[PDB]
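Engineer: Residues per chain, in single letters:
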Amino acid sequence: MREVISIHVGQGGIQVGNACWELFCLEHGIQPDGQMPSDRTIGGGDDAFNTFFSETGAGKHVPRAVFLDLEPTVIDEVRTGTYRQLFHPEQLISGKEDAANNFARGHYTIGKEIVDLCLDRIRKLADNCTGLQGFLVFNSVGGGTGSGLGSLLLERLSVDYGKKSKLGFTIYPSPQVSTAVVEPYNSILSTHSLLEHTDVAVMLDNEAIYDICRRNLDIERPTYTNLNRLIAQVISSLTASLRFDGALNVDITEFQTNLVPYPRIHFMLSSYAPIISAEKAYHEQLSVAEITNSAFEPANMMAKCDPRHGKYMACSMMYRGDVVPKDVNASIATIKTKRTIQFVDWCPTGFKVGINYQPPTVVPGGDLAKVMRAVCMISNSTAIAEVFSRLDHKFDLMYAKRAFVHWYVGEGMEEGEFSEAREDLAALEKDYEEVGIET
Amino acid sequence: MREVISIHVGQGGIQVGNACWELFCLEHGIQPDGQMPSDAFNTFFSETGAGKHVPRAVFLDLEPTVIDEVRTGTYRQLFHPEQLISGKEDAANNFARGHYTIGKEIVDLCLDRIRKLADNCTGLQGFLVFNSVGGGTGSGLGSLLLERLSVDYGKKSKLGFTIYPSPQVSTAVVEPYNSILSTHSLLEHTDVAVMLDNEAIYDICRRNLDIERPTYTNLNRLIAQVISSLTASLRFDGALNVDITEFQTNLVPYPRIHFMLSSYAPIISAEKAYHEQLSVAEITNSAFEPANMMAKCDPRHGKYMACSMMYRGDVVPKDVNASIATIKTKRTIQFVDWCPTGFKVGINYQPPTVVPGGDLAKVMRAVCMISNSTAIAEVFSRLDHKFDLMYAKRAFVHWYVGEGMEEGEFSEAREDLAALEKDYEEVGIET
Amino acid sequence: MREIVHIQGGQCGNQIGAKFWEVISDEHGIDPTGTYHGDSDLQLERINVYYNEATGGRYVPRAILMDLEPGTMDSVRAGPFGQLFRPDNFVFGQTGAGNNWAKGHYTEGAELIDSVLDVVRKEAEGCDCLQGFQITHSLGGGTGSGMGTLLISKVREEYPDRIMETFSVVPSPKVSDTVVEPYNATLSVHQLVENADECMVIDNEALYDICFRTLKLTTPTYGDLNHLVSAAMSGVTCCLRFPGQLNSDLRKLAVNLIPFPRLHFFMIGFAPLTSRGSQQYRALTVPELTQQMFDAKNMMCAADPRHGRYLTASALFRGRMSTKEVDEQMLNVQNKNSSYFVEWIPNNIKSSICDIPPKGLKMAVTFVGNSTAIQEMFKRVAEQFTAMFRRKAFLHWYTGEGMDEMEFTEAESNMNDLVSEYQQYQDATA
Amino acid sequence: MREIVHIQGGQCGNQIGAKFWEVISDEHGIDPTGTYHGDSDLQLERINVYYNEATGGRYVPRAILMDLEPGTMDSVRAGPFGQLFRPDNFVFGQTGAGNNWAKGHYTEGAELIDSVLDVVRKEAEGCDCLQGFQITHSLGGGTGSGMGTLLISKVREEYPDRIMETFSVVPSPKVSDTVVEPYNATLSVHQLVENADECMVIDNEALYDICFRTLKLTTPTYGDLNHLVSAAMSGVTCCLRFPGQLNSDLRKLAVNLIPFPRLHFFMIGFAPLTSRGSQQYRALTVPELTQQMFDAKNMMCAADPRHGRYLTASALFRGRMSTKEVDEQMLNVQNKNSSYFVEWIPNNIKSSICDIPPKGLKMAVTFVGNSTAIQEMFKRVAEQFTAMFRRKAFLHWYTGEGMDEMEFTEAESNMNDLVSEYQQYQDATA
Amino acid sequence: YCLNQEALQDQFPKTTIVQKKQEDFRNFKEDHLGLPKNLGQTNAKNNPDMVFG
Amino acid sequence: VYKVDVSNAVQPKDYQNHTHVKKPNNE
Amino acid sequence: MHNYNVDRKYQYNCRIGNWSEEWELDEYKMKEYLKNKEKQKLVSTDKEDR
Ligand SMILES: Nc1nc2c(ncn2[C@@H]2O[C@H](COP(=O)(O)OP(=O)(O)OP(=O)(O)O)[C@@H](O)[C@H]2O)c(=O)[nH]1
Ligand SMILES: Nc1nc2c(ncn2[C@@H]2O[C@H](COP(=O)(O)OP(=O)(O)OP(=O)(O)O)[C@@H](O)[C@H]2O)c(=O)[nH]1
Ligand SMILES: Nc1nc2c(ncn2[C@@H]2O[C@H](COP(=O)(O)OP(=O)(O)O)[C@@H](O)[C@H]2O)c(=O)[nH]1
Ligand SMILES: Nc1nc2c(ncn2[C@@H]2O[C@H](COP(=O)(O)OP(=O)(O)O)[C@@H](O)[C@H]2O)c(=O)[nH]1
Ligand SMILES: [Mg+2]
Ligand SMILES: [Mg+2]
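Residue numbers (the UniProt record's numbering), protein chains in the order written: chain A, 1 to 439; chain B, 1 to 38, 47 to 439; chain C, 1 to 430; chain D, 1 to 430; chain E, 212 to 264; chain F, 57 to 79, 108 to 111; chain G, 1 to 50.
Please keep in mind that the hints were generated in silico from the structure rather than gathered at the bench.
Distance condition first, Cα-Cα at most 25 Å in a straight line; then the derived DSS-like pairs of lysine-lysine:
#1 A:96 / G:9
#2 A:96 / C:122
#3 F:69 / E:256
#4 G:35 / G:47
#5 B:164 / A:336
#6 D:122 / B:96
#7 F:59 / C:362
#8 A:60 / F:78
#9 B:163 / A:336
#10 C:362 / E:240
#11 D:216 / D:174
#12 B:124 / B:96
All chains, full assembly: derive it from the sequences and hints.
Structural biologist: Right, here's the structure in full:
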């Protein structure tokens with residue numbers, strides 16, 4: 001009755017989504033083969049797995065997801081592992097030739113022959129669903145197919161469906177730690193498409209996640225599997241109000257009507273707590289008053305942005321576990337008292353709080369330690385204007401002397417489209433400055 | 001709901017904190033691993057919800073040596089693992105290193121941990137800080153922490169238990185340079201300071217304890233007893249209770265004059281403590297015996313300003329007042345004219361605790377005495393002479409200058425010690 | 001999908017090709033009889049990139065051996081693993097190029113290349129989806145340089161959107177064994193810059209230095225030098241055949257390395273390289289590998305990388321390792337040595353991680369760096385050419401086969417033109 | 001943490017290091033193959049100060065061995081505990097210095113220093129947090145006194161913030177082995193006084209005297225002298241490797257021992273040393289240890305400590321013992337010998353206690369003292385130098401390699417200035 | 212031999228054996244891939260799956 | 057990395073017992 | 001656009017195209033043998049018994 005369809009496009013989305021679908025199976029008690037462990041006995045609460053899975057009629061559960069990519073190696077890993085029996089075989093769409101860090105290839109040359117197959121599958125997925133809340137898309141912007149096919153999908157979905165809310169969990173490049181050499185180009189191009197076609201976008205850069213594992217979890221050599229588990233917990237907490245009863249249930253539709261003051265401003269960054277390992281998480285009581293203090297710690301923000309440089313527009317808090325409503329209210333009063341956190345003038349009240357009864361679920365072989373309480377943050381602040389400013393500066397350095405341009409011009413893209421993307425970010429910067437000033 | 005936070009900085013602070021926390025754990029019955037075998049402990053410890061207890065202490069250092077000793081010792085499971093802050097490079101007896109170069113990258117963590125600890129407390133009475141003064145990081149980080157906590161908190165009282173160098177027995181050769189500097193910083197930032205010269209405790213370990221080869225472990229056990237006797241009024245029942253805030257209201261005539269010295273009695277070995285009765289009449293007389301003082305100073309060379317006595321055990325209030333009159337009528341103890349009443353006395357019922365493997369005996373009655381007297385002016389005069397002798401020819405100055413320390417800061421520290429000496433001289437005279 | 005076809009020409013290229021297929025076969029567990037005898041299923045997932053299926057289930061490489069003299073092909077077929085090659089893919093001349101670029105490109109090469117174009121056409125149309133071509137040849141010999149470079153032009157004319165890759169061995173002034181080397185080297189560079197998508201340069205002088213100094217082996221031979229090149233050759237396509245954290249094909253390397261179309265010459269290197277008696281004293285860790293990676297003495301090229309500035313650089317890691325350590329290591333070297341990196345491009349090093357190391361090694365790295373120091377080879381070669389061409393020495397052989405002195409002037413001007421525009425970015429400022 | 005790299009040059013330095021590394025390995029429980037076989041846990045906590053970790057669990061020292069003649073290192077590789085060192089760390093020429101400071105510092109040292117700089121830089125970049133360097137060399141030979149001081153200058157240029165140790169074996173005219181010693185001794189001390197942070201002079205005559213009288217053994221040799229020097233070296237830094245009541249490292253020692261920047265030439269000693277026939281008769285207590293400590297014949301230097309006044313002194317006690325006894329013995333010595341201690345500084349003795357004694361002994365002491373009596377060596381060396389220089393003997397031999405008499409005059413003037421300003425404080429009074 | 216430490220077409224490198232306390236020290240100081248590190252509590256008496264809170 | 061990290065991390069257990077939150109006398 | 005029935009083909013171990021369906025069919029050929037062994041209808045055992 002309340003369903004969400006998750007789209008995984010690009011290698012970044014697949015691997016992040018790979019850890020997500022391991023967590024949801026654990027949280028609902030579904031084996032990787034798809035069958036429920038204990039037959040059909042009368043102990044099952046329906047409309048709990050209906051958010052993410054679909055009943056096959058007799059036995060197993062089929063997840064509501066589609067895997068989209070232009071390169072075979074990442075998809076074939078899933079089709080060969082132990083999760084081969086879970087997904088629908090014709091929902092893992094794969095191509096032949098990769099985009100190879102080129103935006104023009106994934107949006108003008110190869111993306112045109114794959115979008116038809118993807119949209120056809122989405123139609124079948126939505127037809128089975130009856131109370132579709134919205135869509136979830138995962139993609140790293142700093143890549144070819146992630147930005148190319150990602151832009152095309154939002155453009156096609158915005159006209160095919162219309163008013164359905166879409167949430168984008170994108171991964172922007174870190175300030176100075178980055179893999180590719182030309183990703184500032186196709187990141188700017190990708191930004192223009194998702195600005196006018198998404199309702200909520202979440203900042204999920206990689207450098208901030210490295211710092212969290214170094215300080216809190218005390219992990220000095222983390223691989224990508226460690227990071228993807230952290231994002232997986234955030235998705236679980238956000239959606240936990242759609243399938244578990246609580247004191248203050250908050251749906252998907254009542255997120256982007258409370259975090260979006262103006263239609264253009266929908267870029268916000270997330271935070272999670274407590275994130276602490278099983279060898280020192282067992283000295284502390286982890287009170288609600290102190291876990292909510294760690295949420296506003298600027299070092300715990302999962303985006304490389306300093307919130308102290310900008311005002312807070314609105315914040316969203318989602319507690320799960322055994323929190324008490326008064327204890328939350330007492331903590332919020334202390335936060336407003338603190339002088340280091342300042343809100344915007346025209347937003348007197350700025351907290352939206354939800355409480356759920358189901359505690360977080362720990363994955364065996366993981367790094368986190370399972371606890372009673374957890375809080376997830378989705379905060380919109382004016383400090384986010386700096387991440388686009390530094391990306392614009394990097395673009396200006398290389399586009400001044402036309403580096404790497406001939407790769408884009410030769411694949412059908414016109415020379416001028418680099419210019420139009422510039423004013424879009426420039427206009428976006430002006431809006432953030434305009435909003436932040438007081439009356 | 002009353003708490004107190006203890007700060008251990010430097011090797012001396014850490015090595016006295018080990019003994020004091022062993023004594024506290026033994027006194028409250030908490031096992032080394034933190035579990036309590038089958047509410048008064050709330051002053052020092054905090055519950056984890058089910059089982060073990062975490063002390064309200066933070067350990068600071070730049071050498072990973074003594075910290076690694078704690079992190080692998082028998083108390084490895086007691087302390088919070090990420091409040092045993094350790095550095096990489098030692099200050100190496102250089103004051104400028106611990107105040108301008110390598111302390112600024114580490115003071116941020118200590119402040120954050122202190123804020124986290126304070127947010128958990130609700131009735132925070134004050135801070136306790138232990139530090140060796142004749143050293144680099146002890147003086148360097150000690151000044152920075154007090155300076156930061158002042159503007160960070162305000163009216164929370166701070167108690168400092170420092171160890172100044174002995175008149176003639178000391179290890180380092182450049183310690184007169186940095187002892188002067190740290191006193192300048194702590195004078196305007198610490199509310200109560202105690203003198204704990206090493207040479208005095210060596211003699212006490214001899215005459216009373218019949219020990220011929222004392223070691224730093226023996227001294228640190230003496231200081232732990234003083235701390236426990238001072239803070240037992242907060243966490244045990246008694247006829248007359250005294251708070252931390254009820255210390256700086258009765259011992260500090262003027263805001264500048266808060267450097268005081270301590271004593272303890274009775275101190276005696278078990279092999280001869282059972283040949284005599286140890287009545288309250290004489291143990292209060294021994295506390296005023298000059299040879300029993302815990303700082304190498306002579307109280308006969310000056311007047312007294314205010315004396316505080318904390319009795320614990322089974323003392324009777326009538327007996328206490330009967331002995332005080334004897335001290336008043338004694339002619340070799342002189343009080344200042346403008347202080348007719350000079351004693352604030354507190355009584356507790358908990359007898360002193362004994363640590364197994366120690367050297368002390370256990371007695372039914374113990375008194376710990378804190379006195380503010382004008383005789384403490386001589387330790388500043390003798391410390392000034394050494395610094396003047398070295399600064400005449402400017403030895404070791406190039407070491408401090410090259411670490412970011414201005415040349416003119418040495419002179420400013422020298423001037424204010426002269427001001428303090430003149431203050432003592434002008435206040436000690438009669439009207 | 002995205003398979004590649006291999007072509008080797010000349011004597012130098014054939015020896016390079018012969019050793020390369022020995023490395024690949026052992027990596028995938030292929031016996032000299034063409035039967036698979038590997039251990040893990042990963043050894044067979046991506047075998048279609050280099051191999052074809054035939055009746056009986058045996059595998060044959062899709063390699064074309066092309067030359068003017070049957071003497072060299074009789075030796076390579078007689079070597080071990082020589083029975084894998086298709087006997088119908090052997091196409092050879094009967095006369096010989098005689099180290100004459102005119103002979104290999106106009107008279108004898110032209111009349112023979114018709115036949116070899118059919119077999120390479122057959123191999124290209126048979127594949128599911130072509131990825132690109134790779135060529136191994138030398139720029140000093142006639143048949144390698146002349147008929148080698150003509151095959152590139154014909155193939156590029158028919159497959160424009162594919163990727164052309166060449167492993168080219170240029171001659172060095174120290175170890176020089178052919179007098180007319182400067183002549184046919186200049187003519188090859190002119191033709192190579194127009195069509196080749198990616199080219200890598202190898203120096204026999206540099207390979208000698210690596211063996212004698214680093215490996216400390218007393219008697220290097222041509223088998224040893226061919227072994228070093230072959231290991232680096234498989235590293236480029238290593239991630240195209242095994243799963244990894246960050247997959248990166250040939251096209252991705254092309255996008256991230258070439259800023260301007262005419263600047264596509266690279267120098268390559270391999271790590272780790274440890275002596276037999278000193279391999280029990282080193283520790284294999286990511287910080288250890290990167291220090292040997294950027295070592296100037298480890299380059300397979302005679303150019304000194306500290307005499308210029310790196311435009312772009314790439315490092316391909318093989319083995320199970322943490323991504324953070326790789327990322328923090330690449331940043332540190334770029335900040336500690338900011339003087340040797342060009343400043344108008346941020347983070348000019350690309351990192352890739354693959355989860356399967358070479359056989360016998362727990363960790364290995366292939367380095368492909370675009371640096372401005374390459375201009376030294378072109379300058380010294382041009383210096384040899386201009387002195388020898390002013391007196392018209394050894395010119396009657398080239399002018400005796402329909403090629404006139406106008407073409408020589410065009411090649412010399414083009415080669416100097418490449419250097420001038422290649423050097424101006426070194427002094428270019430933002 | 002706070003680890004130090006070791007460099008040894010010349011025959012004397014190599015011979016000293018060959019025994020020092022054996023002593024350290026025996027203390028830490030390391031076999032000659034580098035495999036730990038100890039018994040106590042504390043032997044591993046601070047083992048990374050000197051040793052690195054390789055695959056297989058073996059430990060290799062971070063030492064560099066250099067010379068201009070391969071003979072000494074070829075001898076030491078085959079000797080006991082010679083397999084520990086990494087062969088890549090061996091560096092050597094083919095000509096030899098031939099007791100010529102100019103040849104070892106200007107002609108051949110200049111062209112050989114690049115490789116030693118490369119290996120030193122690699123070793124110093126490998127460590128987590130550097131503490132300093134320590135050098136062993138002789139000032140009476142060519143290659144040592146030249147290349148060691150050149151390396152010291154370059155390392156001071158590259159790492160100006162780290163500490164540096166040198167253990168200098170200066171010549172003594174009572175037992176002279178070379179006829180050119182004063183020239184290169186003055187030349188080396190000129191460059192050493194400007195750069196080295198801590199210098200510790202050693203005299204073969206003093207070692208012979210100690211071995212003949214104190215140990216009362218019939219036939220001493222270089223093995224015994226090296227053993228004494230290595231024992232002193234390990235006693236100096238034991239506190240950096242083992243826990244104790246008071247911790248003190250090289251920086252703390254320097255701060256407490258150098259009052260003014262140009263006075264950093266120390267004399268060292270060890271206790272207790274006794275004849276073997278009286279081993280079962282002695283009583284080892286703190287008073288006896290400090291008496292033998294301040295005994296004049298126990299110094300490792302020819303200078304007489306009772307001919308001058310001590311500026312500062314440092315003692316590093318080893319073994320479990322009470323601190324009050326140490327303090328009272330230091331105070332008692334300073335009060336009983338108040339004539340030999342300078343007045344304008346109070347409490348000019350530093351103490352440090354470590355609870356891990358040397359193997360086979362219950363107590364041990366290393367004495368380091370900055371005494372004003374060291375001027376005698378400088379005076380006598382300068383007298384020999386000026387006597388030889390007045391007649392320009394052996395001078396064209398030095399000046400044919402780029403040097404001139406101006407450099408010799410400057411070195412002599414700097415030595416004289418050091419002597420004058422060093423004895424000035426003895427006459428200085430409050 | 213230089214490019215092959217393992218896989219010597221019938222050798223296999225070795226299975227070394229040294230002291231145990233060195234292994235314990237290494238595991239206590241090693242910086243493992245993935246799992247954070249051992250911090251030294253490991254009392255082995257704490258109940259698995261007991262969750263403080 | 058995927059095979060050793062994600063594919064074989066889970067076992068038949070951890071799925072067996074999964075339960076989440078459900079919907108005077110005197111006188 | 002993973003295109004199937006691509007002319008010359010390898011075994012299903014290689015992942016060129018339409019490998020998953022062939023693998024599943026081959027597994028099913030194994031599947032029906034296990035059932036035919038569960039019930040004593042195997043031709044092989046009848047040969048031995050006679
Ligand atoms: N957090 C996280 N980021 C990833 C992961 N994999 C790739 N990325 C990011 O993705 C960026 C590059 O895009 P990729 O994901 O590698 O590839 P792509 O987005 O599919 O685009 P193509 O290369 O054309 O296939 C890198 O800069 C990474 O920051 C991952 O597993 N976790
Ligand atoms: N009472 C007591 N004092 C000590 C002890 N250990 C050291 N001290 C004192 O500490 C002074 C010197 O300081 P250090 O022990 O070196 O420690 P520090 O002050 O932090 O200076 P650093 O060496 O730079 O760390 C000495 O003068 C001693 O008097 C101890 O165990 N007990
Ligand atoms: N690396 C390597 N180089 C070789 C080998 N054989 C020849 N060469 C080089 O190739 C150059 C001569 O090329 P040549 O044989 O005339 O080329 P061809 O005419 O195409 O056969 C010489 O300078 C050699 O350095 C080999 O086996 N390995
Ligand atoms: N203590 C000690 N001194 C040595 C040893 N070998 C040589 N010497 C001294 O070194 C001096 C000669 O140094 P020399 O060999 O010329 O130094 P080099 O030129 O740097 O190699 C002699 O006076 C010896 O006394 C040794 O093994 N131990
Ligand atoms: Mg990809
Ligand atoms: Mg210290």
